[PDB]
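The chain below stands alone and is given in structure tokens; this is the form solved without this ligand.
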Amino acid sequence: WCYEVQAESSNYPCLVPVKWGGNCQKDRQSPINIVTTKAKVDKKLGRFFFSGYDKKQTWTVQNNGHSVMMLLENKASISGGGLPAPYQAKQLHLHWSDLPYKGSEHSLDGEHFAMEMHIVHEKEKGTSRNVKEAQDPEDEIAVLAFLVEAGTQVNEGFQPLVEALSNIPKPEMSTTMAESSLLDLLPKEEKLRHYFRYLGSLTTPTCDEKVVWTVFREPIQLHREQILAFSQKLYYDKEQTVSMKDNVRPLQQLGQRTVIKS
């Protein structure tokens, strides 16, 4: 499967977003545009609690041909934020572009940002459900999304990741980034108080609708050069001819769903 941009310049067939298979053609898809003013306020949406997010550590990061992804190996978890139970971190990856107004999947009141970061987690234990219900739990996977925009200061917390890119230009490559903690990436805990919530799917095949999304309103800031690093050092093909950018899924319709916030 492919993103539009790469389908045009690829040397072999591939399904574009509108022609994706799986549950990608269903009714509870992501990303969506969030009309901040239409989202209902909910008190049950308390703050989140992080475990392991602060310990420096080496991570395995890799170029899967669709994005840059670092494996989290259940070495951290979250709770609170209205979540019915703890969720352990599996992986993290990003979506970006070289133009400041078209790098994120979700949008706020029609505005798109430089990049978007997805931290995927899965429900801790298994809870009893009835056979008659939907096969997969609608809140099975919990992802945290952060919007990224250009700033003046060089973001030191992202430096290790940016460096690592040099070692994985082509697909299938891997490496070990310098010791860092997940907390080094996110903004200060006090800014993580406001966020939007809604049920949806994954933004890649098979687009399974078993995700509880969380989009924080506070954007992470990176120096322009740091953002461009991704487009400049990563490639979609082994021949190193097509830069990796615009790896974003076109918006989907909200439908019967409603969004709530804190």
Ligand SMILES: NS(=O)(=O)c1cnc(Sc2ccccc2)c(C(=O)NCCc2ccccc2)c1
Second form
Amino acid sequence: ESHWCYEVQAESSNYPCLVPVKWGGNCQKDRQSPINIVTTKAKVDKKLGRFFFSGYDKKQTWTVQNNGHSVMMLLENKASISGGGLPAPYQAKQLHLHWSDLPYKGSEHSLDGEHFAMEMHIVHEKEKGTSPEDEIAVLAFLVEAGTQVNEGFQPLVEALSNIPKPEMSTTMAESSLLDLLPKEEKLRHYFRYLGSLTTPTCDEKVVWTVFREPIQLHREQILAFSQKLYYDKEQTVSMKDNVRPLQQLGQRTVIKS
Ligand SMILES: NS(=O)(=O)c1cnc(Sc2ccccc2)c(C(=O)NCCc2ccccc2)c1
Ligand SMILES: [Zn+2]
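Having seen the form solved without this ligand, please provide the structure of the form deposited with this ligand bound.
Once more the chain from above appears, this time first in line as the rest of the complex follows.
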């Protein structure tokens, strides 16, 4: 029985694995993610207010792990968001990233056809009792190189050395989620659409937010993900290009704040 993989991993080894075109679950349905967002066709909707964050400010030591597909930090319901047009508070479950080693191919979403060097996803789950297509709220930040070191990221980057192989975990030095995000001014403009998880089983229960302004990291910070992390316990295939191909918008529309 073969298991799901990204294209780069079928291309780089003898392992039979299900490339994205052949993924099971809900991955072949029609409200899938990621997508290309034509920014001029996204209409402003004033229901889309500022996000409020909470526990994002608190400095913590987080578990971060290599699950064979990405690096994931486990957020354990220690933070939450509301506003942003969302119907309730959503509790933060995990944060992971998608990336390449070249500047124009590591993001999952694209804006007006441009792809970025990485994309970070902070996955949250709707809190119950306020009342399915918006059970999961994913905050997606696009990442490109900049001249400066993004210091907030350094404890994530440094922990990568301790989790080179799939199934390894480690603990990051004290760090807050806010250290990963840009200033609140950069959080004003975002795009919104309803879609899916981007790995199997690709359940169509996500309310997506893609912030318009990319985060910046130093090029060596971005490169560390592909230089330190592997898709295989033999460490023969560097983890990069863990990116699902673009899906069809279909009937859906994208709106923006
Ligand atoms: N790429 S994505 O769509 O943002 C996403 C969202 N939620 C989840 S797991 C999850 C789902 C619902 C509630 C809590 C966690 C996952 C997810 O866990 N996918 C399987 C392992 C993985 C993780 C990250 C990258 C590659 C592979 C992915
Ligand atoms: Zn993701």
